[PDB]
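Visitor: Each chain, written out:
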Amino acid sequence: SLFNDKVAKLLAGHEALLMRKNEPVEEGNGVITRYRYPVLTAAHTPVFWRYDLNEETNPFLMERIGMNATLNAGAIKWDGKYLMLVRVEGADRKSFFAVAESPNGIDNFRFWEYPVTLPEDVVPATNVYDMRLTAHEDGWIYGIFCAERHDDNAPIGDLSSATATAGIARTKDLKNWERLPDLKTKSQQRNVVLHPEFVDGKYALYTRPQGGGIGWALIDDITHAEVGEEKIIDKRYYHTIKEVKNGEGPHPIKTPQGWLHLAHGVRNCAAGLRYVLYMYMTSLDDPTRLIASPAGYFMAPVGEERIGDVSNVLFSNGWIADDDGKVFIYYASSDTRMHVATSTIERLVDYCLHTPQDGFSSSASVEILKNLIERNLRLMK
Amino acid sequence: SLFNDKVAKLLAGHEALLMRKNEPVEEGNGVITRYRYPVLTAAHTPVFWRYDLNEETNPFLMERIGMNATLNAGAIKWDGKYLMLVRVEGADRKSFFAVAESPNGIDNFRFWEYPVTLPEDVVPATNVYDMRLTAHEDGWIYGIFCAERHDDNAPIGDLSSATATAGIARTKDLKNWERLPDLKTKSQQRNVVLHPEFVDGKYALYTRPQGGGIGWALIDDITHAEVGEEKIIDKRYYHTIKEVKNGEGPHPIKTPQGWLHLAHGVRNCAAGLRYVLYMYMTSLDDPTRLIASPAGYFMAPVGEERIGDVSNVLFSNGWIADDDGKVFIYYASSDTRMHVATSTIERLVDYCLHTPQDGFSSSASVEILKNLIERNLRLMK
Amino acid sequence: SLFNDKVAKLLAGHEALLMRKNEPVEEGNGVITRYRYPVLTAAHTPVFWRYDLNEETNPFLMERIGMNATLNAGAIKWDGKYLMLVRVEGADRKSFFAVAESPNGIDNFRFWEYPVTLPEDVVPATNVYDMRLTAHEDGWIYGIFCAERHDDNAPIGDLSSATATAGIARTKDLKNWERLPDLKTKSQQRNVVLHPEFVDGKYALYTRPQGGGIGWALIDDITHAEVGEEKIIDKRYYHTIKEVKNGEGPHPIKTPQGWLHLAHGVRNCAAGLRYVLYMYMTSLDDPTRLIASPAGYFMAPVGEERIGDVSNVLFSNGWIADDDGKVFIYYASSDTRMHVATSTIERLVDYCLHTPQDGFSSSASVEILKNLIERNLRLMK
Amino acid sequence: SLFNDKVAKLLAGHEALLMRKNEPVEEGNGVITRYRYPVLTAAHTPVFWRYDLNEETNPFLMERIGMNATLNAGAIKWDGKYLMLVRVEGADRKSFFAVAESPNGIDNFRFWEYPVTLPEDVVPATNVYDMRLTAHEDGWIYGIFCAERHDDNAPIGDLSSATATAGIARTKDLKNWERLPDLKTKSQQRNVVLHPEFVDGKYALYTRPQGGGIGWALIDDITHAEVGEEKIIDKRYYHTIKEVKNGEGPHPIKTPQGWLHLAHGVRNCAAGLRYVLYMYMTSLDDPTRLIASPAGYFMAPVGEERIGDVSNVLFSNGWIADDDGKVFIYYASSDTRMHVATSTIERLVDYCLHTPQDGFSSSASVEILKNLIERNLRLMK
Amino acid sequence: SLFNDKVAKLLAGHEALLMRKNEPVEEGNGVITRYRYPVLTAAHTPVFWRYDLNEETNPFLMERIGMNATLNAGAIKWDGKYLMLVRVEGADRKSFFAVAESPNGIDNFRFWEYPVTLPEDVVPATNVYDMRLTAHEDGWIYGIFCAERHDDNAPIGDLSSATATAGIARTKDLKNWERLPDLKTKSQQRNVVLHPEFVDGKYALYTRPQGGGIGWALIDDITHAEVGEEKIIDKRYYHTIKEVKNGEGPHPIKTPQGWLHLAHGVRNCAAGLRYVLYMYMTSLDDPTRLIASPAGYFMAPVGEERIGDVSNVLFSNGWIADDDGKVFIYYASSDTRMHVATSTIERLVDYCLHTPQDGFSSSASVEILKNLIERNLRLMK
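Chains as they are written, first to last, in the entry's author numbering: chain A, 2 to 211, 220 to 390; chain A', 2 to 211, 220 to 390; chain A'', 2 to 211, 220 to 390; chain B, 2 to 211, 220 to 390; chain B', 2 to 211, 220 to 390. A prime marks a further copy of an entry chain.
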């Protein structure tokens, strides 16, 4: 029948998209390798999420639930597979979480048939987004996320003012989730991330109070989490890529040289807010102590990445490092699609350690550059 | 001569562009079909609008009047032809109206040789734009549009503050237009649209006071139009595609199931304001009563649509429904170019009736999705 | 070795990019001709600016200093060569100046091996940008630029508020620069440009106080420059391409018909600020007196130009006119890359003189258009 | 499992290829419409024809039986479907027959899971090819094909000299085939085709003895087929597209205006033999009598059709005419792949009836052309 | 200097071409992997082979010696590099030999600055071509090639009749070559190839007398080479890919399973002669005894390979097998350009051993196919 042929074609076209082999982009900077195709787009959501496949109830075979974007995803290496904890935004402008898994980490990501069911905390949330997964040494996988609500105290007709808390859930299977109480805090918090080890026998959170920058907060009890003392670890600075805002991405990776961090930085321009990624390192002995601050951005929007629902944005709240040192960086572009970039622990550490630090002025930048040119011209002689 | 050959080539290249056959995009959602090419761009304006073709007065053969964009167009089925009432914006940043006609509704749109001459109302307007055409049962074609003026009461050096009224003109031929008095109103009005039938023996306007949403106002005399009582029909809602603003597009289409509406909704993001299209239905018995509110957006910017003078925008103030049920939706992208999308009355009604309503939260969205997945997995067994 | 082969390939790929022949875009308006490729991108900076080429110190061969953009460039015809004074922005978000030279003016631009070393004035600057070069009749080449500093008087956590002065440097070789004192002024100044001739035996600056528009200021002593009397030459106007801001681009070109100017104009839209280029002419007898104001924009973003770090922007602070009348216009798109467009003095003068002036309303625009259509239809008879 | 993922990708890529929607080629001559994609290629053969899918016996997952080409196909409308009787050539250079079916006639052709099993005649054949299907009024489907054997008369070392008979098989289901005795004949026969009606109560064959052209032979008993008298119906002519050889393609279509034929014509050139398609018509009253001989070729190799294993060839032995007059022409290009072209009975009859006949010389061709030009120029005034 | 810039651009474009990274073709049959780009083309010859770079003697900078094709190349692993012994054909239609080397075997092949100087034998040759290199156990590298001369027996006016001998040269450095006497033989020989081991204490040649197929001849003294007894190892067969001619390609690779051979097979068609590659294996114990004859062709012209000076041809006289079993197959397409395809010894042996043998008829091919289908469908259940 015409209907059944149409359903067959949707399924076949979908499988072809899902199985497409990704290819590295040859042109790169030696630090990261980009890939030709996104790892996930709205079109990667299953056909049976969007269409009602029953001819009786959907004779025109049209989509009943539109999917708009797949973005800002957490990530975890899980039972030999590479998993994203995807933020999926529907046509209805709400986001929900959904696991997608790949055997190799650069392609063939497929969504689990059901997305994530996340119980509400005592106060219901309107939107939830941007989950960072942490396999904590206490044996749980934590998901720390943003739970946003309308600010019910706003001028009449203001339907845009919102508040947001750090949501905390934990799971041992990524299917059955327990919702712990939202983080208690004096300042608004976003980009809250769980450090994977106890510090002074306490849970440690990366925070972003709103604000000096990315903060560090020790938490006695994750099941009754409340920020007391808060210490800024990485600061915003005038005329850097992290002038207006910054925030931790995924939880850092432990290396013999220190904690390796991936964050985002914001500045304002004539087109709005511009988001790029940057890296920094902190000490193993004292994770609150910066030991590497390479200048500038680590990644910024290139090509297709520049354009989407919220253009001029790269964002990451997920990456995976394999035992062999290979690193898979999962980053959204323009709040619309997910990409992968690959590097190694050794390369990322070298990049952090030997990219000159920002001296904070045109003159300082020129002098660092002139020094490198001078060394190179001597060599090329 | 070299000059005459150059003129010949401009004309021939122009005819080739105008006559290009459009092709549907195969990949779609079953609700609407997009097309490969815009129906109108600035390059579609006639050569004799832009160049002085006289070698005596333009020996270099350069354009004397630049055309920048063709956008937010009204539409009407007219004497067997498919017509857009185009908003054409010159290089000078002023807009004017111009009729363009096509024999088939998806391509070969050509501008009438002269654009629209629209008399001023008592108070002259600086810019006029976004006309909605209504073949009213009183036998006139009305054009309701935005007439914008500088707010002559602004801080010194403020050359941006403006006010805008609903302009009302009517015609029986689309060439000779009578300008009626601007709509009198307490609130600023934009996106004002004439309903094509008398209601309680009065003219009925869709309004957008600035604001709760899209309003309904009965008008005793269209030749002395003044808003008295105003009733909101479709509301803005927090964390939907219509959070910050919304507005009626073209006048709705009457179906046996009710009035079928096309509107735009706005939200703010890091890149500015984001405009998408959405649909809703109201009752035949009481056009002020909503009977269908499918969740989310109906159309959002895809691909080339995402980019233009005002990126991240879809807008529509025109569509045509033929007697056979075929619907032609004329929509601008990014304030730069006009596109067509096609559907049918039956499909648009089904989309409005069976796309689940927005339950207004991530949890609600997940539950609707999980229900559809469950039905589908059972079927696919 | 693998390393040496990798270095060889970087160098060879770089030379191939640098030597690529540009091609004109056939489709144009008869005023300017665009070209297929940018004249400069971040990828045009030398390999030895970005990589440490020593295997001992960079065994992974990764970039040590990222280059982000090449934009808003000055320009000068210099010893038979076509030179841009490029604003180069590093990954660190600081800009510095660098000379790039081409034998033909449309391609094969190559950076001088070292960028520009510019001494600080008494008060150090954080960022310097957008230099306009003027070969003044006093025998110096002046560079007038923007020197930006953080406004150290801002609310706590405000790391974005800044001030900016007009920096003044001069040189006779473009390598050794003398820094004169920053321009003293009551209003903030940007887009300050040196007129190439003494006027009433004084230095003359184009200014942009922040503001009525582009101003004119006579300066007794360029080595102790201070604005006293200031006169607006070209005004901002409501609902034009220069509504919110405007500013002089490069210094004007002298023609027998008057001074030929290139400027930028800004308006606000839903996507942010939109920058286009426009032209005007002033009198030889009195350079403060406008004699030509063609309506609208001269150039606006087309295609690839629309997208970049700061989208929806064209900017120019440099052009070259050869003795034969050929004009090379160097313009940035989207704060990301440099382009060239070509015309002639005769064509640019004709464009300024015979593009109708803006009558400032939709009605006025329609009437000018209807007049041209009428002339053309008569001719085409 | 890497292997299982690999098999899954093979099947998925194959289904995507099979299901691809064909699209009409816009540019045409008003007689036939070509399509963007072939209807069949070697890649269309089932994955399970080529690969051993068992990891135990094929751990490297390589092809065990290469498929080289899908060409010269018969065709039949069968149980509401559009069927090709494909000549499939393996890498081993032998051809075999296989049914492929499509729901619509222009795409989604899929091979039946098993190819055709054809019993040998008394003398076994080395290669069998080019089957023409005829649903005869006697209630059988006949396939008349070429059965080729090495020539025993050949000298030692001559492994190329071959002979061919017309094979005759019949079936009621296209799965179980009865092989009747090879056509007995004094001359070598190829391109033998069964007319679908008895004529004078006898079976009628189109023949091609080798040679005046396409012949007509009445046969008393198809189960003991032997040509006696043969009449030439369509002749070869010096300096036409059918100079060296010609041959009937599929059996002709009956129209109210006569029998509509499709054939191939051959000429020799510097690159070898060049094959094109041509048409002619014969009388209903006397199918041996020509009633239309449009000049020249009907179709010749265009674009991708020009190249293959045997370049510069179009060949057809299959077409389908639906009740509504729509015609689907299945033609191979360059002995490599199968294409479809569409027309209607009315258009094909008009083409045959009103394309001027070949007057056989440059001067005659010029006179026909000048007469048409004269008519058109008079019209265009 | 315009000239010097032009020379610099020639060298830069050439280095870019030479250094281009090759990429594997994704779609393959599991036996061999093709690559996106040729390894060599006429354009790969050094700029200084073609242009006179002296402005005094070549002021227009045009080519003084055109290069037409790079084809039928021998190959050898040499001092850790991958070398082709290229047949380079000039515009003058003579071929000569030239070494080209690559660090990796799939790209970055570069010609040695001088081509091969090969001393004539007693009777000078007009053209020399198609060299097979054999690193023989006697410690020499032999090149056995074709040496062609005009046939003196030809009639006046016949300038095409030619004769060919097997040329024999040897070297220890691929620069200084010793020419041994041409192979003495009763029949014309071509595709003569030296086996790399003594057999019964004698040199062993693969021969192709003209003709039963590929022959085997033991030679006492390679410095006075004369064929006595010849045994045919691989035969031509009617209606296979090796019907008209066949010939050994490069010398075979020794594997634990036997000698692995690569050869070419020829058949005639309407477009001329069609050349494909095929494989066979012979016994280690007795290299004259066939132990594997996979049916059909191993590789045939695909895509761009189909077209060139002599279309419809693949040809190979060179391949390299590394210690790790990786195999690089160097094959010309259409006598015009050189390609690489990769496999492994294990895969090639499996291909030869488990591709069913040719049963020599359509019915046999069908039976082999139906057996595989049956196995797969049972599996797929």
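Each hint should be verified, as a subset may be incorrect.
[Stated by the list, open to error] Below 20 Å or equal to it, Euclidean Cα-Cα: the simulated DMTMM-like pairs (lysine to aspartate or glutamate) are:
#1 B':7 to A'':108
#2 A':244 to A:121
#3 A:379 to A'':102
#4 A:176 to A:121
#5 A'':390 to A':183
[What the hints assert, rightly or not] Which bits of chain B does chain B' cover? Going by a derived footprint, with three or more residues having C-beta under 8 Å, they are:
#6 57 to 64
#7 289 to 295
#8 378 to 388
[Unchecked claim] Here are some chain B residues the structure puts well away from chain A; computed CB gaps all over 10 Å:
#9 4
#10 20
#11 188
#12 254
Hints were generated in silico from the structure; no laboratory data involved. Where a beta carbon is used, it is the ideal one built from N, C-alpha and C, also for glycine.
Visitor: Does residue 108 of chain A'' sit within 20 Å of residue 7 of chain B', going by the straight-line distance between their CA atoms?
Guide: Status holds; Cα separation ~13 Å.
Visitor: Run the C-beta distances from residue 20 of chain B to all of chain A and say if the shortest one exceeds 10 Å.
Guide: Given that some Cβ of chain A is not farther than 10 Å from that of residue 20 of chain B, nearest at about 5 Å, it is violated.
Visitor: For the region 57 to 64 of chain B, do three or more residues have a beta carbon lying closer than 8 Å to a beta carbon of chain B'?
Guide: holds (count 6)
Visitor: Has the given pair, residue 390 of chain A'' with residue 183 of chain A', been kept, meaning a C-alpha gap of at most 20 Å?
Guide: 40 Å, violated
Visitor: Has the given pair, residue 379 of chain A with residue 102 of chain A'', been kept, meaning a C-alpha gap of at most 20 Å?
Guide: Holds. Residue 379 of chain A to residue 102 of chain A'' sits at ~19 Å (cutoff 20 Å).
Visitor: Once the closest CB in chain A is found, is it more than 10 Å from residue 4 of chain B?
Guide: 12 Å, holds
Visitor: Given as covered by chain B', does the region 289 to 295 of chain B meet the bar of three residues or more with CB within less than 8 Å?
Guide: Coverage by chain B' is violated for the region 289 to 295 of chain B (0 residues, Cβ < 8 Å).
Visitor: Can the restraint linking residue 244 of chain A' and residue 121 of chain A be considered satisfied, given a maximum Cα separation of 20 Å?
Guide: 27 Å, violated
Visitor: Okay, the region 378 to 388 of chain B and chain B', do three or more residues pass the C-beta test at under 8 Å?
Guide: violated (count 0)
Visitor: Taking only the CA atoms, is the gap from residue 176 of chain A to residue 121 of chain A under or equal to 20 Å?
Guide: 15 Å, holds
Visitor: Are all beta-carbon distances from residue 188 of chain B to chain A longer than 10 Å?
Guide: 48 Å, holds
Visitor: For residue 254 of chain B, which was marked as not at the interface, is the minimum beta-carbon distance to chain A over 10 Å?
Guide: 42 Å, holds
Checked against the numbered hints listed earlier, the structure breaks hints 2, 5, 7, 8 and 10; every other hint is satisfied.
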